[PDB]
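What follows is the residue order along each chain.
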Amino acid sequence: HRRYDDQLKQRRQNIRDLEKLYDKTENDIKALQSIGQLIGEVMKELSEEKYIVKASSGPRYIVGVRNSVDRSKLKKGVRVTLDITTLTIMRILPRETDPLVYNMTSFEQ
Amino acid sequence: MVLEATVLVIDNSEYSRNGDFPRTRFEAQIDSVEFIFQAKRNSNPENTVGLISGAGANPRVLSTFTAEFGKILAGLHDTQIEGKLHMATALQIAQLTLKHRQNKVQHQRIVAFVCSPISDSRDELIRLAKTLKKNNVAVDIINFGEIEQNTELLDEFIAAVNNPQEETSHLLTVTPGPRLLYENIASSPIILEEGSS
Amino acid sequence: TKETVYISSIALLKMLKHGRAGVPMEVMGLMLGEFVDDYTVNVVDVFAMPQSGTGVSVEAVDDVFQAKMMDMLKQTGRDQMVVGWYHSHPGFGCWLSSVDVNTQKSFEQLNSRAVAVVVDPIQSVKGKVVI
Amino acid sequence: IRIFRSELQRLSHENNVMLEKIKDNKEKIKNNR
Amino acid sequence: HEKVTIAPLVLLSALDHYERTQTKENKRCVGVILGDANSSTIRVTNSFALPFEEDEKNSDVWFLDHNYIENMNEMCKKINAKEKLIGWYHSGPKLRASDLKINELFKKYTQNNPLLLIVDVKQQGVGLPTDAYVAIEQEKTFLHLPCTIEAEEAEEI
Amino acid sequence: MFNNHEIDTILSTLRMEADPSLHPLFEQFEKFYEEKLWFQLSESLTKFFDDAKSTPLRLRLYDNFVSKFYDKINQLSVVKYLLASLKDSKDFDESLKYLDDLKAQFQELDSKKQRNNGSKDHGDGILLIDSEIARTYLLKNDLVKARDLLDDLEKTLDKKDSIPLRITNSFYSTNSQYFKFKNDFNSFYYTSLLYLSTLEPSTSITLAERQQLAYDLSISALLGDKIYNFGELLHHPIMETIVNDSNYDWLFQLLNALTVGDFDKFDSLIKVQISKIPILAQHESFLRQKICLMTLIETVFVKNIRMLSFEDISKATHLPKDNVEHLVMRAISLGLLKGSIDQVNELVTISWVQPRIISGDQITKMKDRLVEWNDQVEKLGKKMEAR
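Residue numbers (the authors' numbering), protein chains in the order written: chain L, 67 to 175; chain W, 1 to 197; chain V, 23 to 153; chain M, 41 to 73; chain U, 5 to 142, 151 to 169; chain O, 1 to 387.
With the rest of the complex left out, here is chain L:
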């Protein structure tokens, strides 16, 4: 009676403890296949769907947008996320070069 009661609780606790560990492994391996992106800075505005930027990974390349990309917030000198394949602006990033939270001391309150 009481012998199987102690093993019943120990069996259930071992399942829930290992379940959270196996769920993290399955979720982590799904993010390891994602494709990276490039980074560049806008030099001068060419046209609406066509821009002239300067990439940080190499020389300059003519770029553009893809879908649901805001073209109103894109100005000269604004750091943009460049696509590797299509070579277009995807995400929107602020303007920074050297880290300001490491080389520069940053503190709150």
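In the SDA-like style, the derived pairs of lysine to any residue whose C-alpha atoms are separated by at most 25 Å in a straight line are:
hint, chain 1, residue 1, chain 2, residue 2
1, O, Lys338, O, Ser359
2, O, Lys159, O, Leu76
3, O, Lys87, O, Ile242
4, M, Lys61, L, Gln73
5, O, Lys53, O, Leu207
6, U, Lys112, M, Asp64
7, O, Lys112, O, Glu43
8, W, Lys84, W, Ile126
9, O, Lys182, O, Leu149
10, L, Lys90, U, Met76
11, U, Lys111, W, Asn58
12, V, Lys96, U, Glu23
13, U, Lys152, O, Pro164
14, O, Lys271, O, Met239
15, U, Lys31, W, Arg60
16, O, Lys103, O, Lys113
17, O, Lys80, W, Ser116
18, O, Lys112, W, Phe26
19, U, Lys112, W, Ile30
20, U, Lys112, O, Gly123
21, W, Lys99, U, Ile106
22, U, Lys86, U, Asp135
23, O, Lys315, O, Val302
24, U, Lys31, W, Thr131
Here are the simulated distance ranges between beta carbons:
hint, chain 1, residue 1, chain 2, residue 2, range
25, U, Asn116, O, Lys113, 23 to 31 Å
26, U, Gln142, V, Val137, 53 to 61 Å
27, V, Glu56, O, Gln376, 50 to 58 Å
28, O, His235, W, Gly70, 52 to 60 Å
29, U, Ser63, W, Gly70, 28 to 36 Å
30, L, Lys139, O, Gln376, 44 to 52 Å
Since the hints were made in silico from the structure, they are not lab data.
Don't be surprised by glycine CBs; every beta carbon is placed ideally from N, CA and C.
Since chain L is already given, all that's left is putting chains W, V, M, U and O on it; use the hints.
For chains W, V, M, U and O alone, kept in the frame of chain L given last:
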């Protein structure tokens, strides 16, 4: 000893709202799955047991043929106690389940439980009995119902199929209450004994 | 005559979808169907393989994953004869895959008429569709 | 009596069912490193 | 609202399983769409068939293997991680009583509202050879979402 | 009928090992009601086909049998009948004394089996607590304090999703008498429409409650200016299931009253209760004109040109030119219509808003667009093709 492929049928009906039978019900069907699987897979290799449900919410296939009963017990979980009753639906599903199967050229066997008198149609169940006879299908029917059940579509379904005993169908009646469910089935031709070819 | 590969509608689109992940990375696949020399050449179904740590080599293909998948080809009507192994590579001037050497020489032992297909442009896409 | 024995044997096999998922997940992380 | 985006890779893939299996008017090929239903734009980047069997005598009799459903979805994760279960597709020009009973199967492993797709090999009348519908209840209530087709750069060219 | 007097007793004296711990007061007090067929919450099986409004005197006994009901049939017998059927007792003296009884018993059921996945069945013990909360605080403290607790019930309906629709019915059941005692029956009319859409299997109702239900449905449409009119109640199987007199005929009298426009037929057959409020006579003028205002674009009229003068609308509404100008302005102000009004050229332009369920007059006029456009296919269409 026993080399075959057996499909299990777990169904619910208007009479599934009970569970007074010894003290209970639906706990005997789950306990009967563990006895059938251990008497087959452990007896001889290449023994796979499937599980289908032709009642409750929707007449779907719970667990197909495999070597582990974990997915079989998972199919019994999250099942409506009270649901629609179609017995003849599960008969055609089990035939299509045995139609496409791994490791062909085996002995087809179907084990089903009686949760109700099964009044649907007369001539429809007659053609279903003669169809399974030409394909050499083993139909295992264990009658429960309320006390005794005779002169109905269940007896007419057996009389239109089985001339031969071990090669087609059998008959078994288990009485609720303090009775051994696995012992009466073990001595019965349903499990072990003969009928495996 | 020789064997002139005829690419079906789905055969061209899946090759671009299998090599969709990364410019530098690489995948593989198996061409299917049955055909006879002097005309008929056809590829019925194509399917990819998981990317391993060895890139593309004789140990890249997984016979365990292939056998488990091959059993699913029969029930769906997808089962055909394997006519070759198609790959995806970034491409070079000559010998577009530097890690692929000993594969085709082991492939010609089973069937001497089997070929191997690689998608050339991989971000170089033009619209003449050079493969 | 029968409740503690039936629930223990059920959760004992279901623990191995969860172990069947990581068996394939182990080969997934080894190939990506 | 939401819109259904069907890639040309999916539309041409469903047409292949019909001819190779020698499917007549008595059978309808069933398959599983793969994509992302989280956002308002539903895109299907992958499709595959399943060993489905149809019975016209009883609409409640269907043969579907759940083992091939979970295995193929897990094995195809190595290609792209953006492919999950957003629903399923089936063949045939019309919706019979057997289609309503099979709607609650994939809903167990599907988080958001599943998506239904009807592939027509004949394409008789007007446009839209593939119509998309959503399955939701308050009685089953189906709504027709706008059907658009958008592919990648190399796929459209 | 001996069904509940025998089968219920035989089941307890035979199955469930030996007895389900039977009390001596069970079979002793069961024969007091004889064959009169009052089973005092007949307890599942017999209760399914047999139901009445009789007040149970066993309330101090079967209330503790819930533990016996789990192994008996199902826990769903509590939400279908028994504790859920206590609303038919019409006993207001028990108020606030059944709160701890009808709550803590469900709190034990929620803390025992059901956690996330639970065991055996699913989808139980959710609306059981929420059903008795709104029915209690509706009495005693004023409706202002009762609405504060309805916000937690309203958020549950939008968030939680369950198969049974009792969650929707139980929330609007108390909310019905909220707007019934107050003014603004437009919100009460929209609530009254949500009770009956399609339920075949559920909501067991006899001819007694159908007349009580039709009362709240009818009164909702007296002052209600939205969503068609009383004819919607006739579209549902209600008027055929109730009596045709005793102030239940208001649907038949006010049906033609919105066409002929005679107020002496309805006001003569009613009492002084609803005739004292002048607002009731005002809303009857809106629905009378809305029938003709929907004909302005395409319903009946042939040429399909939208124009209305002050003389044509005055004869249709049986109102002078001064009162018809004010009636249209008040109709648009309530959100029923849109558009503008031209008094210089005597032109009335009203945008189409309120739909209608009528049909059969649009088939001929839709053919006009079919025939007139088909002539350009043979003439203009074949001219560009044969180019």
